[PDB]
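Number of protein chains: 4
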Amino acid sequence: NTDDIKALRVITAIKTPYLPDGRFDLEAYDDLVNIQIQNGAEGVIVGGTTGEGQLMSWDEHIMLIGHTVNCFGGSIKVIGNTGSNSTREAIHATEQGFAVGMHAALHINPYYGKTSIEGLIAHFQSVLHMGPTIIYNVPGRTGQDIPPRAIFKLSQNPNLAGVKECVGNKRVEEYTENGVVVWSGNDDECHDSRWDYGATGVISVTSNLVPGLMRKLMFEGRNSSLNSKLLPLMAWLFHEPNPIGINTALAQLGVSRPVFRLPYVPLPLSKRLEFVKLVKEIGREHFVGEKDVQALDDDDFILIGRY
Amino acid sequence: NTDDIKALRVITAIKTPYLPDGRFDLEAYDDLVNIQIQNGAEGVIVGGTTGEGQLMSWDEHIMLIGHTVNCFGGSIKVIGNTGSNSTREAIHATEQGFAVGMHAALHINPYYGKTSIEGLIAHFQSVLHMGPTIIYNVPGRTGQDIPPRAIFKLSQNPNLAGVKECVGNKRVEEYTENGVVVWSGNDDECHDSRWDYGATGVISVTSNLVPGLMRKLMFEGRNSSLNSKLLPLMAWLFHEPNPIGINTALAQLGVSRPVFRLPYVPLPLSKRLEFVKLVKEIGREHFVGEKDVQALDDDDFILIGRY
Amino acid sequence: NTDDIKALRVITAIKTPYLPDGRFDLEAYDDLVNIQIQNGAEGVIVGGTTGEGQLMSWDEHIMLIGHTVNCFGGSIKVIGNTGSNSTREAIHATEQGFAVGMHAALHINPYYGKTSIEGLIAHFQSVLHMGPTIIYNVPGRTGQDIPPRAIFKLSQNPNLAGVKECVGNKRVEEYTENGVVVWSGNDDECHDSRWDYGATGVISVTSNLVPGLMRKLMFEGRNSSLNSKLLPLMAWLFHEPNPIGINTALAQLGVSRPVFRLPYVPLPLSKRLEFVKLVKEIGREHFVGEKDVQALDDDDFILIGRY
Amino acid sequence: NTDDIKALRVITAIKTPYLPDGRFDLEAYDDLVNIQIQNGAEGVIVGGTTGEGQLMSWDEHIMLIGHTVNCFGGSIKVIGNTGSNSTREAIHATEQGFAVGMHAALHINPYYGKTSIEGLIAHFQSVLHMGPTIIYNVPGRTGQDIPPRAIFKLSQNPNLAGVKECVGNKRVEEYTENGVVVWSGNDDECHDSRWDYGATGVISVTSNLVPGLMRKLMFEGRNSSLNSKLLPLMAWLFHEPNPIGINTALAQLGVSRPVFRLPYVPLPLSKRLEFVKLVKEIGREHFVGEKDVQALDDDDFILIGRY
Ligand SMILES: N[C@@H](CCCC[NH3+])C(=O)O
Ligand SMILES: N[C@@H](CCCC[NH3+])C(=O)O
Ligand SMILES: N[C@@H](CCCC[NH3+])C(=O)O
Ligand SMILES: N[C@@H](CCCC[NH3+])C(=O)O
Ligand code: NA
Ligand code: NA
Ligand code: NA
Ligand code: NA
Ligand code: NA
Ligand code: NA
Ligand code: NA
Ligand code: NA
Ligand code: NA
Ligand code: NA
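Protein chains in written order, with the authors' numbering: chain A, 59 to 365; chain B, 59 to 365; chain A', 59 to 365; chain B', 59 to 365. A prime marks a further copy of an entry chain.
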């Protein structure tokens, strides 16, 4: 049902944690999803950008979606990231994700092998009939800005739930004034996006760390002092490209093992020490996990290319 | 041997033609490669952006490399596009591409899931030991400009042959002043890149149509009137994102079937009528194949999602 | 939980039905599983021999397991056939099947590339720790009889639920006298296996057609007149190798489309006419579906090699 | 060309050696192939039963074929084992194997999911049009004896080169009396098959160890004393199912690493000490490689499941 996707305000693009040889750590993963549920997260993107969907083989990506649905699907909406720059891969991944019971699909436009606007419509029309879909526009990553006129055309399909928008609040505004549901994809804009530009909520990286605070920010009104308390954390999280920050942070909080699939590599020690300061400034009680935050040594990290 | 790669001036990023069910049309592909050889192309990229490597599965990609090596490897350099945004997939694809006998690899930086400069170094160092490599910088497609300082760090690796650069002639000049071999990735700049800015040559889209003229442009001295006669054809080929133009043109020339793997769709008839006029203005004798060029109807083109 | 697998008496190796181009027909499949549930089937093997697991790619096999768990897993035990002649494929398929929530795994011994008894133990020990497992011995198909001493050793693992045994009642007896749970894999022996040789029940092909009668046979005592009423049907079902009969029968009853993935091909018209007679002799009210049984013409069947 | 296949008398089903992580050891593989060439082997089967095609993924299988073609295809016939119990996989694998340049295909009848004789015809006819083919009958592994009448139906297809027959010399004689080319698949029968029953030659396991002697056995006339000197080595190689023996022997000769992909495990030390004694009795100068033969300890062998 599309309405139940359009109602969600806090959707976590959840991190995918790894065992020391690079396989998925399902125990760590299930603990992360439980913590999100317990703090009032309402949806999860499985294998999004933050979840390193880009480094999974399809078999592990589908498995992670079916696993999430099977263990948690009665307590949180499960949105599979089954988009691709290849229409073939997007069709197969999407019908398989819905077949295993996911509630919605996140679809990016084709990245790297960008196409024409007419190719864009054709790509999205190949999958939009399969179930509730969120379209993801992030031109800083894909190389291509999905134009509003393509979204207005696609939003004729009742399966289109809305758009995860990264271009900025002026774009959010153009959609929401025209009746298209939008989730901000920029944590550091999502407060204003919510309260001033009609965004329904956020598809967040930062809620991997402080889900209770992100939920407060999306449900309890303007609170620019809470927003600006979170801004240093968000800036830290994006000092290098996502998910490098979140991968480093979750290892420091002891909820994830310090294992990276290449090409990502941890933030250096000076940044890690900054994170230890942010956690003390904001308060450890707001962060996921129970263990004391650690700086970690460089020697603690495992980088794997053959996963 | 890296020196043999360094010496190529004309490398064609060859188009991959399809059968109406979406599979590779190997007979048409062989004809295209033969045609390149008879016109003096010195290298092909197999499954590059132009060859839609992005739409292939790894098994069909490695197969096309091994097929290209087995049929043509004594007459042209075969450069497999075995890069990936995933280090795991880049390591596997590169190992297998070298095992079936390709002479070099083309490696892009990770697109879409972009990484830090440190991660980029880890990524390239995971494959550079395998054999002669060209690094590919096209930030308009990947979302990330590879900084010269990263290349300079890698360039003393004896396997780094040089860089396929799309940023422009000022970046070309910075690399060649610093002693890095550069191929221009922009057909509409490669003349000047070659004669004014020290590029060794071009990795070309336009040579799929006019290989003899592109060879002339890279070997015979500055020729600004040849260059400006090709410029309108070059603009036509990039009207929509490559390979939309080349896929359309080759179908009109009758050397490939009018079959598109999604998300690409053809140029519309008004552009296809311009292409007919360009062939006549430049001379059909310079274009690949021998069939009379056709305009084609929109209903000639088969758009396939489930390949 | 292993006990809940050991309790099941009627497990249907369910047929996998296809669309006209060879993809899975999930609508037809869901109707078959619903009919099994409604007639008191207690488990299903997903992608067994009968379900043509051997012709699926892994992605579709895992998908079918996760689909079955998600739609039906609260009303019937879902047993994935995640065995393989390759230990690698068996490990991956099995952990993925359990991750998507299947209740048990069916594991055959390595077929075609048969191994030593010591290789057999090693193969099974690679997967037995993952969850409740039924080991499948069918030497007429694999080329190798799993010996009782390998099963006695493996049955030290609390995850071993029991054995699907095809060698015959004397083998069933040897296991059941020693405390190992057995399901007969031979429909035409399963009555005697149940009542005289201690089998817990049957993993049945014939219950795809007459699930209510197979359930009666397994729960309601010796009834050799019911058994011998079913024998002509069972003999028909195995006139050619399974699943050729069941695929032809379900198409005749109108619950499946008449589409075969090669190398299977339908029974000829004279056999189909015999099936029409068996259905009238036993009574259409005992067979799955509501449509009148049809002979079908040869022209109605679709055989597909490129699925 | 089919006539060139028909003329080969000594074809080695080459072993695939592994690195300790489970990947192919291509350097050792090249040495083994070179050694076959220097001793007069005329064809190799790549990824046959002996080469563990059954444990490979299709991409590594097609890669090994293309690698074998690219490095050795001018000096030996390369016959890809591209058969499968799945017609879909046999069609794809065969197309790709021919595309990377193999000279012929080896096709087994569908094993485990066995089909009717009509289905078997449909299966073989789906791949026979692709190029020169040897059909492989080994009912002790597949569960199904291909009947001569099926081969006779297919043998007027100009692509059928002939049959690799494991049933025995009486079946060999029936085929050769009927004008079908036959290679013996049983090392311990191939002498008599060759000199008494009209076989053209052998597709051999034992030539992985003693290629020069096996060539002698097939080319130089009846030699019953050479034959009976090889018989004890041949018995040793089939003590457990092939390729357990050959994998053990090559490791002891030091031409491959002591690495096994599961489900195969090595022969125990008492057999490995017999192999040392056989090398000495026959003469090390006849065996592949030049390292002194070693017994090896059980703890030398790496058994890998997650390759
Ligand atoms: N690396 C590829 C494959 C990912 C497949 C699983 N999501 C991509 O980013 O498109
Ligand atoms: N569509 C994926 C996979 C391509 C794999 C073959 N080159 C990508 O662009 O990364
Ligand atoms: N045809 C192969 C692959 C099947 C994979 C899905 N069960 C086999 O029978 O082993
Ligand atoms: N294990 C499967 C797949 C092998 C695929 C590569 N030859 C089989 O024996 O059919
Ligand atoms: Na608002
Ligand atoms: Na807390
Ligand atoms: Na906490
Ligand atoms: Na010409
Ligand atoms: Na021409
Ligand atoms: Na009993
Ligand atoms: Na009924
Ligand atoms: Na019924
Ligand atoms: Na020697
Ligand atoms: Na030797």
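None of these hints come from the bench; they were simulated from the model.
Certain hints may be false.
Copies of the same chain look alike in the list, so a pair counts if it works inside one copy or between any two.
Claimed, not checked - Derived pair list, reagent style SDA-like, types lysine to any residue, alpha-carbon separation capped at 25 Å:
{"#": "1", "residue 1": "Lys-335", "residue 2": "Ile-362"}
{"#": "2", "residue 1": "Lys-287", "residue 2": "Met-188"}
{"#": "3", "residue 1": "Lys-287", "residue 2": "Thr-234"}
{"#": "4", "residue 1": "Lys-349", "residue 2": "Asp-61"}
{"#": "5", "residue 1": "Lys-211", "residue 2": "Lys-329"}
{"#": "6", "residue 1": "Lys-274", "residue 2": "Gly-363"}
{"#": "7", "residue 1": "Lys-211", "residue 2": "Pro-299"}
Taking the hints in turn, this is what the structure says about them:
1. Taking the shortest Cα distances, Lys-335 and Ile-362 never come within 25 Å of each other, neither inside one copy (29 Å) nor across copies (45 Å).
2. With identical chains, the CA atoms of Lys-287 and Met-188 are never at most 25 Å apart, being 41 Å at best within one copy and 45 Å at best between copies.
3. When the C-alpha separation of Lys-287 and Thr-234 is checked against a cutoff of 25 Å, the pair qualifies neither within a copy, at 27 Å, nor between copies, at 48 Å.
4. In this assembly of identical chains, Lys-349 and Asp-61 lie within 25 Å of each other by CA distance neither inside one copy nor across copies; the values are 38 Å within and 37 Å between.
5. Taking CA atoms no more than 25 Å apart as the test, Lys-211 paired with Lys-329 passes between copies only; the shortest distance there is 23 Å, against 44 Å inside one copy.
6. When the C-alpha separation of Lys-274 and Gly-363 is checked against a cutoff of 25 Å, the pair qualifies neither within a copy, at 39 Å, nor between copies, at 43 Å.
7. For a Cα distance limit of 25 Å, the shortest separation of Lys-211 from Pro-299 across copies, 21 Å, qualifies, whereas the shortest one inside one copy, 32 Å, does not.
Comparing the model with each earlier hint shows violations of hints 1, 2, 3, 4 and 6; every other hint is respected.
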